[PDB]
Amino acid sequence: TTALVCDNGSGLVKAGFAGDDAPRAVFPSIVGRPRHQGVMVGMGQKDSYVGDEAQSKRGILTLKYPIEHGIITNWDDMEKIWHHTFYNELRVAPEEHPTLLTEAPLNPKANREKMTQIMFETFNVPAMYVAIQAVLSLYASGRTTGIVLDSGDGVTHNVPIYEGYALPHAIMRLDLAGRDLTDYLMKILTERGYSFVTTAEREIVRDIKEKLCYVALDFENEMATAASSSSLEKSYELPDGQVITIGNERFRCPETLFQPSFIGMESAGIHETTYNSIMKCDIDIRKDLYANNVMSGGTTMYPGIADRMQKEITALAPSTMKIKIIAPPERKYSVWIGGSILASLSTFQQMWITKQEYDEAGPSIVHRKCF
């Protein structure tokens, strides 16, 4: 049989079949419900919308994310999204395909316990497995050694791995990702008179961020350049025809990744977090870690972020060390690619958690059989 790989991210859902190069279904992980009363009978009206249908009708819906900071908060909507993924997007029967799921490190245990329970009861999957997202990214990188910086919509985390061995004590996790940057961009757009308060407007600001934001090599010099002339100004057309122009907000929004104090957080930036994760490892592997910095996720797709990370790590690392940032063009799907590679391995087939084992042991078996 063919195995299923499902990367349930905070923002997007990636699904497909093991052995493929790219996921087949990529749709937003949103559930939308009407906030206005219907007046016209005879047309199909649903109580909820999932995914692209929710995005298309977002003008009359309230959009709610069931996953927040890599933690599932609404299990009803999560089950709806899983049903949608299994039936309307993949056109498969979950009872005939083992499914591989992903999760961020340092997550609550009940999250994966309930994921296993839902998989084994609601959908009757013959076997399932929960992997750590950064490990899959390293699988997709074709490497057994390196520190992975995976930053998506909810969670930014660091996992150092050397010769296939992970160092759990050096694992870093920070709840600062694309959604926080979108909210900060919404906050800072009010300085030019642009107001976005609803969820659909949040989806518009997210699109603006995806299409106009970039990371500046030097923040203060970029600010001076923006305050000096209008070369950095760009225009964006709203869906109603309105045109907005933004200046320094293009690079101020992703600067929060390196200066978390912009949103009131006391934590250090991603570069200092990676440096601290490297320094917590054994001294004999830091040289290999310095040259194998792997970035994955949507939040790593900002233009010029790899150069900024390389500059900061070089400024933090000793001069004799060689710093190399690895940013493949397809890093937005590295987790799914690595999951498919893992599920397509012959040696992995003995690591599946089957229905009989779950019945014998209960939901607690996921802690034993999964890292």
The other form holds:
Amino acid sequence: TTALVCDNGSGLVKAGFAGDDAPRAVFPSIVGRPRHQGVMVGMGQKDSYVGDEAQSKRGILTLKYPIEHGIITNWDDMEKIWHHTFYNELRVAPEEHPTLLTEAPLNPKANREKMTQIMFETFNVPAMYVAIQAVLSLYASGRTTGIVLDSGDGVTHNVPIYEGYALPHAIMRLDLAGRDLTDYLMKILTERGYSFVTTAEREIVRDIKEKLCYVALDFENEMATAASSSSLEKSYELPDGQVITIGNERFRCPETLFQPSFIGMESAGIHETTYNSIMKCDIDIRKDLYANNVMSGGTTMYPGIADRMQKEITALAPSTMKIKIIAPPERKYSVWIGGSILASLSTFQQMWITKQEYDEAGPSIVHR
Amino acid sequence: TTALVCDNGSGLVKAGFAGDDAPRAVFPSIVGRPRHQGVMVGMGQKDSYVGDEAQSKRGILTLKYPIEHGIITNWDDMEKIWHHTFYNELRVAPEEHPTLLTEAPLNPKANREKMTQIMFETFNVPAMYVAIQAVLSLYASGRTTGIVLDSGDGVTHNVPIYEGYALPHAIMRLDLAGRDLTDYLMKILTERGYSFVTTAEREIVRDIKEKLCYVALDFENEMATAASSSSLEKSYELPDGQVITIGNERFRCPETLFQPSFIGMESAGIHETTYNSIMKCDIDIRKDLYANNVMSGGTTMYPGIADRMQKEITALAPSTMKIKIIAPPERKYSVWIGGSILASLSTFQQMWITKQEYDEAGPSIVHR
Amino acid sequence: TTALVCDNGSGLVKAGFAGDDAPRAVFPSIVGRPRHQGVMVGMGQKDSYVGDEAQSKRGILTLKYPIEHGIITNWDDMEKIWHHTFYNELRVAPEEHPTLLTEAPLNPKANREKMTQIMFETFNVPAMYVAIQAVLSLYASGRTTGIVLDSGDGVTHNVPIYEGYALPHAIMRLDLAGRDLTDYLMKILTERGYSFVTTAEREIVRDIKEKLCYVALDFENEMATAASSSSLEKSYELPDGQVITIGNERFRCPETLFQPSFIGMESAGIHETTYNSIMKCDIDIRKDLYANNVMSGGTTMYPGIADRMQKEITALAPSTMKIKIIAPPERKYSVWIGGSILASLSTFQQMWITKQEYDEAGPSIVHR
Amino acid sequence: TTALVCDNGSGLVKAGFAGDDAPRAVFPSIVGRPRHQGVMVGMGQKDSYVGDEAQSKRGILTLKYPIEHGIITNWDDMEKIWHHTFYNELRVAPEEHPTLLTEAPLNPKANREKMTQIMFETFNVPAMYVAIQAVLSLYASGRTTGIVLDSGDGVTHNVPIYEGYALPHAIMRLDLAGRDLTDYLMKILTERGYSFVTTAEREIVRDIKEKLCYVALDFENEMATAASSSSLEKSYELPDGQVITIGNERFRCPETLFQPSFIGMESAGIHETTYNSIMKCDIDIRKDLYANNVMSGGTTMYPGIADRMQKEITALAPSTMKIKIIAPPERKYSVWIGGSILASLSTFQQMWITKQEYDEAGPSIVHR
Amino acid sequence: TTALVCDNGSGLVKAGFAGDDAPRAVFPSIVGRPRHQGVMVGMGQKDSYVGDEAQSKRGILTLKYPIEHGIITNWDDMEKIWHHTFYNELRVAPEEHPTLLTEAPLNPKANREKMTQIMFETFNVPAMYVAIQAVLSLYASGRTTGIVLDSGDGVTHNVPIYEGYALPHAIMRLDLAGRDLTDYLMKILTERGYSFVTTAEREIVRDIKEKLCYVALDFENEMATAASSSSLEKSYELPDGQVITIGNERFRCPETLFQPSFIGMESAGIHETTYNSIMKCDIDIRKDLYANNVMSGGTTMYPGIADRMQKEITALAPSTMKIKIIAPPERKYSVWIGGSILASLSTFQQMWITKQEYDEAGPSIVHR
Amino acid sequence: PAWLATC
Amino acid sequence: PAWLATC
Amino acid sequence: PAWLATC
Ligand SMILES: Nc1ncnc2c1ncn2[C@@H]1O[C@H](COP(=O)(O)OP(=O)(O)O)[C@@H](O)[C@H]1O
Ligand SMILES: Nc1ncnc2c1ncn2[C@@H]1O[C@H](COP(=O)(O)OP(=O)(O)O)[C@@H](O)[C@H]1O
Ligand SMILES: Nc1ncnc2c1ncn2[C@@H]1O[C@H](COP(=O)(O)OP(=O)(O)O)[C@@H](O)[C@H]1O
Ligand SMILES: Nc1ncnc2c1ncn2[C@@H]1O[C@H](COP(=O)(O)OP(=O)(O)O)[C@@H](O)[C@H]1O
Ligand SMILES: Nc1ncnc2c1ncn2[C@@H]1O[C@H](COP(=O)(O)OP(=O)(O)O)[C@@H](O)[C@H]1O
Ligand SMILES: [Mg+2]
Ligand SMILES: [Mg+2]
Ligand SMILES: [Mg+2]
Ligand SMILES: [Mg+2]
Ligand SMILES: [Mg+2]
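What would the structure be for the form solved in complex with its partner chain, rather than the form deposited without its partner chain?
Below is the whole assembly, all chains and molecules, this chain first.
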């Protein structure tokens, strides 16, 4: 039977069937529980909500993400997320389909071990596999060489690959992704007089970020332009009909990706991180990596991100090197697309971890 | 057996059986004692009259309400009222029927405690329950989301409810209701030379209010119209054949709901109160509250009250949002209708407080 | 044993036994003394005469009324009249019959105190009671609501009663009654040349008043008619056979009840007094009082009195009020009939004043 | 020029000039008319009498008050009274002095309008003003805070004032004043054997009240004392020389102020009315109101009235409250004295209603 | 010249001179305007009252705070408050002294800009400076390392500081302070029978809070002890002499600081907020922050607050950490004391913003 | 009395 | 009024 | 409330 490809991101769950061009189910990885006392007996007072239903009723719910920084922190809620995915979005019997899951590099081993245990013992999936997200993104890009820059909601990481050979010593990872940008945007919106505090309002700020934010090609010039003219200001209407105006906060929030000091991090920006990763590789490989700089993940969807990345890498890399920032139009689903491509290959059918292998070798088999 | 629903309002008692569409017994919550001395020996004269009989004999009695501002102040009178409604009006044995009572929010605890004690010890009711009036008002409307403005004889309050969850931190209450409007009408009728000072004449003034008062869409425009023409003047015939004419007093009386400063209170009007209650709620549910503004209680029966409230809220709230006020024809009995619906639901049959539970957990059980 | 009931009016004694339909003894309350020298030893002349015998020998006697304006002014004569009533008219033994007496409202307390003292300590009655005449008059009418207009020989008073409760603050009294009309008729009859100056001739004038006087529906029109014609003249025959004719004096005499200014009093008429008494009452009961104007007493026996009172009250009271004046054919004995009814009731038997408690507390008991 | 101050109460007219310490003219508000036939052509019979002229000729006159319960009921008689005041008593040209008038609170609006119209169009005053009597009482008492209990001939009212701010929602008013006490005394004196029925005799009874009545500190104990001893009795000599003895009627008359039920009113006594007025004010105001109970008007001149009021208020109010009652020896003229003080203030000269304003705005100006 | 230090917080204004030990002027940040009609002429009736004057006259005034949650909402009232502070409390010429103000962290920029504009233009101050309150608290404490927890009337915030370096990314702000506790206490007193609804009554509830409330070391056991015994009850006397008894409401009010869900807030308690702020800092800093928890502001004056905070933090923090909370006896004025110290330092004299700099660079200079 | 309606 | 403290 | 958007 066809396999399931489930990209358990920190912010979104993207699930579907191997071979499909786009994921069938795409809902936020959120679990909400009521924070007030119900007073009407006839109402269907369900004790928890997941995904889309949690977004709809977020006014009375407290929302919790079970995944933070690519690490599952609440397993009793991650189980609800997976149960929803299988039984209400895809509406399939998990035991009839092998499942392909994804994880970020340099993650704790216990995360993958617990994931495998839950898949084999609660859903009793026949066979499953766990793949590194950047490799799947490269698969989706349709090339065997390049350096992937995947940034989602919890983690940003780089993975250089040359002719199908991963260079694990050059892997890079930053715990700075869309959620940190959302928190920073919440912080700086306070300057104009808007106060967003509750977990429900964090979703409103996330929507504001997704709609009105962009990356400036030159930060200081953009700040000067904003401070002198109102042409860069936009308006957004909150759910209760009151309208807010956002100015230079539009491009200050994404700027954190290049100046992590904005949020108190000592790390280097994404441009410096990718340049350092490239320099970590062999001298004979760098020329190709410069020209195959792939981008994936939701956080790379800001307009102007590719231009800024190219400009910065050109500033860092030596002259006479040709730098390309490959930014497909479907970056949001590059990981899942690649997983679907990988799951449908005939040569991959021997890589599955079958239930019998798990039983005989134990959870440690997943590190093969 | 069928349950008993008794909406013990501060101005009227409305009692009946669960499942019926309207209350069987509806009489004023009045107790009257003779104030002169009898001289005829062959009569069956009695020391106290209750309900309608007190209204018929009001000429020789001092009428006094046992309930003021939703709080029971005289417990012997209240016991008399309850005895009357159970035996003379409904003609039932209380020990055979569970009784559903009502109360306003933010009332003293001792009120519920003593009500439960009287119901169990004196009338030997098998089980009872005390609900909140605004919640039952929603059942009467069938919906489960909305902000209820209940205005009776003694107390006006707001209760926002969303998806069956009450937001108690947003509940508002004013001690300004039909009683205060009757008193203010008594005060301002003196300007035309009519003097009502006795408690029996307060009933005449209440009838005048119920029959001739209305709410102005624009208060100053009506004030100008009244001074410009007698088109607004109406005549009322007193019990002794006198005919009295009232002009701008028709809409000055109910205007006190929107300008409580007329009676010396610095509280905000009902429109401001409901708007403030809505703004006390989460930003994600305000759109639904604005569109489900429900009205109940007697004092919401003035002609033009709904339009005035809609105009006021529309002024207060931001545009681009549909302000809609639901004013059913049966507003007067909505609380009792809802209590009837609730007492019949099979899901509610486990919420009754049983005598077995009460006589071992103590009077504090009623606060569950 | 049966209880005696006798109302000692200013003009007539009406005595009898409780339960009967009419008083057994009805005689004028006068005491006559001889005023000439006896010149026959064998005549067996009596020192004084009482009642009918005094009326028969009026030629040689000076007649004195012991009661004036419902106040006993001569106690020896009043005791003599009571002795007559008991031992010659009724022929009973007061010691074995409880006696019910009556008096007008707003009377001096000493009057009642000395009345009860004489009753207990002189005649040694077992028990006695003193009742207000208007209440008995209402009893005889067989109703519990109404404003009684009692008008005897000495006093005219109004007593509003609603459902058995008297309103003593609305009681009106007017010291203008049959005797004043008799005196006025004596005065105006001089215009025609007839001079009645002695106490004996006052009785003849009283008989003339009783047999020839009536109330004009419209005083001015009747005066004009009498001036323009002799159609209204009547004739009367004196005891000595001489004949006199009475013209407009027939209706001028009783007109004093409606225009007391004819005899120098500035008090209002009986119609206006009744209206004022009604307006002293609560607004709610005026409608019932207007429809239950009960008449009683001798002076309410003038033909046309009821119609004149209805016309005047209708003129005073507002429209839309049903004004009905109840004037039974037995008005003259209404007080005694009511007293007979009251004394025979079983429930009334607890309200007697037994001689034991009179001795215990003294005459001051009667006011309880 | 000097301003005129006229305190047109129900009982007396107190008129004078602003700045003087006491009213110049103080005469009863009486209009008498002859009620007999003149038989001496040579004498100056005169058609009507006013003030002291009527009082001294009351034998042949019928006396009528144009004011009843603070409301002018006969405007021709009131114009006559004012003409007397201006021309015969003060001997001034009213067109050369501005006049300051007074009226009780909660009066009909037409009362001020007719008063202003008569003053401007009949007497042609240059300017006038209409004040509240209870406010002028504070000016007379020389303080800015306090609750004034003003009780005259027709109306009793309470007015709380704080720091010069009136609390119109707490103003109380009773239609029970000296005239009602006079009528009750007339009624009560009948039970002792004295009959007063004419208008001229009402004045004798009022004089008896002013001379002999007092307020008992403990009513029940006083009643018990008078019933056991004659120490409380006093004797009064009528104009014709008859001497009447008055017993417990001395203090039963003024007791009506504290137990209005004696005269059939169900209102509360003056102590309860004052306490209720205080409890209508804000909780931070009550401390000062309790300590500044100001009394004014004639009916507050009964001996022991202040002590009885203090005792009753202390009983009602909570302990630890310093309840104090201010009873100046000149309580009778406190309203006029305050009017004199006010009319002389320089800061008040802007508040006069000049005839120009009346012409260009009509009577309606007086309600601003 | 000496500099002014004005700590205009949400509840109180604390003003004085730099270098002085304690603030000279301490008055509530209240502006009251009359809410009733004045009737007495002149007598110094002002159109508004400020500070302690408004508190004295709060019975007749409607009180409004110009600052809410640390944000100025009415700039006219704030100009009024500053005018009062400078001219009537301190009695100084603003142009003669440089003034030091304070502000809460994460406030709107427009607030600070408008404050600077008012200070320079309306008051013509020579130079001024705006400081973060938590920083001044450390100056007052006399140490350069620690995490300050400042809880005033409007805001509660945490500011970690290590060796004089702030950590802006770890600053936490919580819009829950003394005013919210006052409102919760007002709501919670109703269940016991007492109603406080007016602005003036809100000041009485604040006094009850400041006098009778305390923080329980173990909330559940404290609730049980209160329920099972009356040993915890206290009595408080209202201005009108009424005595109220308060039980478990004493510690349920400040318990909201640790369970904001009591007032419907989704945020975490102050202990959780401080722990989260500490965990936001670098691993090498946390040891010094755990031992230097500095409390400040009025709302940290509840008895037992320090013990509860220490217990909770020790529960959250790992063992082997020396949790220590510094609570000086004068926390209320710690911000002002720090401002006094800061303004006196010689090294600070270059930080003043002179009017030259302000007008040559615009308001934005204040953000440097 | 002396008013316009009641009393 | 009809409460326990204020009103 | 006192702010500009929420609260
Ligand atoms: N159009 C957009 N512009 C900017 N950011 C976006 C956009 N769409 C999504 N994002 C961000 O991407 C994050 C999720 O990215 P994605 O990688 O698809 O999910 P996950 O991070 O769970 O793998 C969200 O937190 C959101 O803030
Ligand atoms: N048609 C009407 N118009 C205006 N007011 C009304 C009308 N009917 C009733 N009322 C007012 O409503 C009050 C009673 O309302 P309701 O809520 O039914 O009783 P309760 O207040 O006891 O719950 C009465 O005091 C009366 O003044
Ligand atoms: N038929 C009559 N018409 C008019 N007046 C009458 C008539 N009969 C009696 N009266 C008057 O009624 C008076 C007696 O009234 P009554 O009530 O019977 O006795 P009292 O007044 O003594 O109680 C007599 O003085 C007489 O003048
Ligand atoms: N010394 C007194 N003792 C008792 N009552 C008095 C006294 N003096 C006057 N009165 C009563 O007060 C009334 C007049 O009071 P006042 O306030 O002067 O009149 P008004 O305010 O109606 O002009 C009179 O009707 C009288 O009955
Ligand atoms: N002794 C006390 N106990 C508890 N709370 C207090 C005490 N004193 C003051 N408060 C609270 O502190 C608040 C004022 O705190 P403070 O920081 O001094 O002023 P501001 O909030 O203006 O900075 C007041 O609203 C009050 O409720
Ligand atoms: Mg991803
Ligand atoms: Mg109701
Ligand atoms: Mg009779
Ligand atoms: Mg007066
Ligand atoms: Mg502070």
